[PDB]
Every structure is written in structure tokens, then in C-alpha cells.
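Quick setup: one chain, the form deposited without this ligand, written in C-alpha cells, and binding and motion questions come after.
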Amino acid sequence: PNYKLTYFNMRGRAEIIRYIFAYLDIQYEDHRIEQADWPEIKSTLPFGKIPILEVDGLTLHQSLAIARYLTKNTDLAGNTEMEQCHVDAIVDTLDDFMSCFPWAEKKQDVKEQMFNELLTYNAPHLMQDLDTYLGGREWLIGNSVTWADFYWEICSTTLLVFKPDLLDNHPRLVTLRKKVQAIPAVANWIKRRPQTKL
């Protein structure tokens, strides 16, 4: 199929889709827009938000809805309906936390203060929950990589930009990040992707 991904020049909410395409060896057009192109694109969209994915001309929206759709019938989704449930739940837990951050806050001091509170209290709590959920296992769910591990690596990459020592007491979570990054298709993608802060 002919896939076209639209988002800003940023990892952000589209990166999970980008990892999935890379891993599954699926070709797509990685369309990145500048704000000036947005108002016009936005007006054409039923829900006015990005990312969107156009599949043979038909437009899909909601990044995680799209990610799940792409992993359909692949090992990345989870090996059973039960494992798929754990995969979806871990993804949701991570998304719930990332949504706490005031990404669009215009008062720089308020943004800094909120980021700091979230990274001092909430983040370490979640890291301990994640660390114990993973235990000494290889991947978050089951015995092979799933898009939940991808989402962990992606979310943590963003959190580390703001609190570099966040995983300093969580070597098992660091090890999970390294295992995802070392998957050849992922390693390749990380090397060639546009470099952006977020």
C-alpha cells in the first residue's frame, strides 16, 4: 500500500509510527511540515490534529490507533489476545504520563516548574512501577519485542532530554532502551532520522 505520514519536524507523537514502519520494512513518505503549512492542512482534517496517515488516499488519525493498525497480525502486536491487552495497557500507561507534560505552555517559568514537579515526583514513581513490571525479563510483554517496548524507548528518549539522570537508578530500564535501539531496523532509523530536540 501507498503510505503517507504527516506530522511536524519532530519525533513527538509520530515517532512510534516511524519505528513500526522501519521495523516491518514498510515504505512510506515521511512528510514533515512547518507551522506555515499547518492552518491549510488542518482545515482539511475531520478532527484537525496530527499525526495522520493516508493509506492509498484514505486518511487515518490518532497516532496510537494508527500504530496498532500497523502492527495488526504481526508479532509486534503481542503473541496472543491477552499479551495484546498487556501491550495496549503499557502503551496507555506511558501515554497517560506523557500527556501530563504542559508541552504547549507559553509561560517558560510555569513550564519549567511543572516539568520539574512531574520529573521529581511522578516520573520516579512510574519508573519504579515499570521497572518492577519488567522485572528481570527480556521485554515488557512476552518473550519477543512488541511496540510497547518501542513506545518505552521513545517516551524515555524524550524524558531524558529534560532529566538525564532519570534512569540512573534503573539499569534494567536502560537495558530495555539499549535492546530496542540495537534492533537493526531501529538502529538504522535512529541514525538516519532528522535530528530534533523532541
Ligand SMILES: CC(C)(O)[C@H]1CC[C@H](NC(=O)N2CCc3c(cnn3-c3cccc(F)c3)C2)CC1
Given for the second form:
There are 2 protein chains.
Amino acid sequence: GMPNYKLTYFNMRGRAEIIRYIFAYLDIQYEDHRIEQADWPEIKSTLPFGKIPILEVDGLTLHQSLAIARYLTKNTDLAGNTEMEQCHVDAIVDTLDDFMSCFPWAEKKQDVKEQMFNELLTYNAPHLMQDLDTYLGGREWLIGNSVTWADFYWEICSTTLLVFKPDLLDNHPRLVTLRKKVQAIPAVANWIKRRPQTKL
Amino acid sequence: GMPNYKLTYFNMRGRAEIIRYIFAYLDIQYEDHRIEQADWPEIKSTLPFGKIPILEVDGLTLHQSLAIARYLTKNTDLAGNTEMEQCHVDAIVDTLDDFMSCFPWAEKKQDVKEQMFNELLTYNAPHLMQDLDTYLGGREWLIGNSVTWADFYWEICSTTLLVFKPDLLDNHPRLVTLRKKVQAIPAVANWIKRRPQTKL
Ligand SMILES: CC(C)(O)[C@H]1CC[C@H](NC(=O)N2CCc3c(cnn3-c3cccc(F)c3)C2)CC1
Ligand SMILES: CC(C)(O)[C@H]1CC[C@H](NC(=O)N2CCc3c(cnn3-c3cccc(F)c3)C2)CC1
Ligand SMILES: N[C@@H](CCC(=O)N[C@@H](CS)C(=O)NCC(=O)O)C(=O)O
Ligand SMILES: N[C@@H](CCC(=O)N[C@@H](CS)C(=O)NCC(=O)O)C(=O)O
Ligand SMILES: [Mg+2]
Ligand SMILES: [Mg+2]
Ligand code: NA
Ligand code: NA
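The form deposited with this ligand bound, contrasted with the form deposited without this ligand above:
So here's everything in the complex, that chain up top.
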């Protein structure tokens, strides 16, 4: 029968949201298990690699958000059309994920965290937006002629960045249009309405 | 016939070596274009995202080392024999790449670089080695019953780490054994013998 899916993460969009977008789009039912940060140290010790999100599939546990996303979209319409275009999908996702992963989300010294966040957003982020804007050009989606999970991840990552830097895309209307098109996808739009409201 | 392949990176193993292992193992001819730092700015301006490695396939340019590695292994025995195993391969590779990416390879001040290296290798590398040893157990390879490019990436990342921390695997003979098994693969051994000797 249908596989039993259980996703575990904090009560945030964060690194789990790409998986949630994919489930919503593929109309796959799953348990959206959200754990509190105070109970994190105890469940961390029980995970093979001690990091989240994880996805349990019928008694087997998977990890790494992008590895999971690729697994769920393989042979679906969210994956690249050609094998070459699947490379471009992976490459755009990793380009976005490289940048998001540079932010010191877990830094314990608040002043150090603020300094790096501001540096990344004031200098690195505008250059990346310009590279993405040129890459997209006048095309409808980032890769190919139909939406892929790279388009999802662009909307998810740009939403995070816009929390810390609201003027990020003032000069990139085509990147904004792409965000709005992802958000307008019926399954995605429905998830955005009923998902728990969190800062990040 | 065969597609014409051209790889561009610096003269070091670095993030390109995983691609080089895959070409050697698959017995695929390619141009191993190594550039000096001086030739980098002019090439950088031509790349959509300004980063290497890149791989040109019949004159079409791909980027992101792990996106390229996955592309080159699809439909081969290095990719993983099932869909969930391919997910585990991606997961292990990303876990390793996450940790390598934490190191400030491009820090300009040598003192702050050495501090952060020492911190990562002392208080973080042990945890990962024990996680990987436990995940491996008594099995022959990290995923499945045959070698995958995740075993290649383990050997490549552990070679770099061992340069800075020689005692890293003193308590993990099974992880040492996995390195030796990768290094004994005839096509991999041949490449290790022939490649240019660089620190990184
Ligand atoms: C309990 C403890 C140690 O205090 C933690 C520290 C890290 C925090 N963690 C975050 O606050 N977040 C996760 C990363 C993230 C956020 C938003 N986006 N995002 C992200 C998305 C894709 C890729 C990527 F690298 C990062 C927010 C959560 C509390
Ligand atoms: C132009 C400038 C500023 O002078 C740069 C500074 C950083 C150098 N860059 C390195 O020295 N390296 C790249 C990363 C790396 C090395 C060894 N392994 N490795 C690696 C492998 C897999 C994943 C990963 F994240 C990192 C060494 C290249 C010249
Ligand atoms: N690249 C991994 C990153 C995993 C990761 O670092 N998750 C964070 C939460 S966003 C975490 O586990 N924090 C707690 C910890 O490191 O112990 C992925 O995308 O899944
Ligand atoms: N995650 C990317 C990393 C790309 C990257 O940052 N490469 C470095 C060299 S290891 C680079 O491009 N250095 C020169 C520069 O960025 O200007 C990949 O695996 O390809
Ligand atoms: Mg599936
Ligand atoms: Mg990555
Ligand atoms: Na295999
Ligand atoms: Na040791």
C-alpha cells in the first residue's frame, strides 16, 4: 500500500520546508512532526548523524534535506526533464544551499552571529541575486520549460532572506515574478495558507 | 562514440577530485584542465556563478562538483542499486560535504584560519568519524553491496582531513579499511599513482 511518511524537524520552515512543499505538490499525506528546541538535545543523541530534518519511510530513517527532496521527486514532474537538466536542478539547489549554509544559524555568540549575517546580506547576497537574475533571464522557470523543485527552493530560500533583508529583490522583478508563480501553484498556495506561521 | 569532457579546476584535488575518481573508474577520457590562480579571474567572469569546478560536456557547461558527480554516475553501478540507496549515497556525500565546507579555506589571515581548523578537527571531526564508523559497521561499503561514489568521497575527504589531523582514524580501523579498499580499486589506484602531488 501507500508508504507511511513521518518528517521530523523544529517548528520552522527552515531546511524542512522544501520537503513539505514537495509532499504538498505531490499530494502525499505525511506526519509533520515538530519538536521543541528544549527537547532537541535528547532526541539528537538517537539519530545516526545527530541532525534534522529526518524522514522515516516505513521503519527506515532518511536524512539530509536535499537528498530526501531528490529522492521524493525522482521520476516525478518536479525533477529535471532530461538528465542534463537534472544536473542543472541539482546545481542550482546546491548554489542556493551553499549560500544559506554560510549563515551561522547556530552561533552561540549573538554579536558574532549578527555581524556575519549583516556581512552576508550586505555584500554576498546582492551579487548572488544578480547571478540568479541573469541565469533566469526571460525564461519562465529556472530550468527547462516547467516548474522543478529548484524553483521551489528559490522561493523558500528567498523567503528566508527577505525576512532579514526586505529590499533584497527591489531591483530583480523577474526573480519576484518567479517567486509569485511558485506561490500561486494551487497545491503550494494551499500549503502556504494552512502551514503554521513561524518567523523562519 | 563518446562525449567530449573538459574539467576545469585549480591544481589540487580539492572539490574536483571526486569527479576525477569517477572518470578514472568509468574509464572515461577527459581533459583535466588545471589553472593557476593567475588564469582564474578571466575565466571566472565567463561563468554564470563564478565558481569551479565546472565540466564542459560537448561544449555545454555544468557546475557544482556534486551535481556533476551525480550526473556522471547516473545509470552506472557507482550510483547505488536502488532508489533509497541512491538517497543514502546522496545523504552521506552531503554529510561529508557539509563538514568540509565548514573549513575557512579562503581565510586571508593565517592565524584565524589555524584556530578555526584546530577547533573543527578537535571538537567536531571525532563526532563525525564515530558516526561514520557506526554507520559502516561490519559492511563492505557505506551503501549497498558494491562501491558507490560515496565511498570515493569518503576516501577523498578523509585524505584531506588526515593531512591536518594525522591521528583522525586511530580508533576507527574499519574506516581505514574502507579507504584502503577504495585505493586498491585498479582504476582508482592507477589514478592515485599518476595524479599530480599537491597538498590539498
Ligand atoms: C536550538 C538551537 C541550537 O538554538 C538552534 C540553532 C539553529 C536555529 N536554526 C534556524 O533558525 N534556522 C535553520 C536554518 C534555516 C532557517 C531558515 N532557513 N534556513 C535554511 C534553509 C535552507 C538551507 C539552510 F542552510 C538554512 C532558520 C534553530 C535553533
Ligand atoms: C583564490 C583563493 C582565495 O586563494 C582560494 C582560497 C581557497 C583555496 N581552496 C582550497 O585550498 N581548497 C578548496 C576546498 C578543499 C580543499 C581540500 N578539500 N577541499 C574540499 C573538498 C570537498 C569539499 C569541500 F567543501 C572542500 C582545499 C583555493 C584558492
Ligand atoms: N545539510 C543538512 C543540514 C542539517 C542541519 O544542520 N540541521 C540543523 C537544523 S536546521 C540541526 O540539526 N541543528 C541542530 C544540531 O546541529 O545539533 C540538511 O540540509 O539536512
Ligand atoms: N559547492 C560548490 C563550491 C564552489 C566553490 O566555491 N569553489 C571554490 C574553489 S574550492 C571557488 O570557486 N574559488 C574561487 C572563487 O570562488 O572565486 C562546489 O562543490 O562546486
Ligand atoms: Mg520515490
Ligand atoms: Mg551541500
Ligand atoms: Na554500487
Ligand atoms: Na584519534
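Between two forms, the rigid core is the largest collection of C-alphas that superpose within 1.5 Å. Numbering follows the first chain given and starts at 1.
Core-superposed comparison between the two forms: CA of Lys72 displaced by less than 2 Å.
Core-superposed comparison between the two forms: the Cα of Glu81 travels less than 2 Å.
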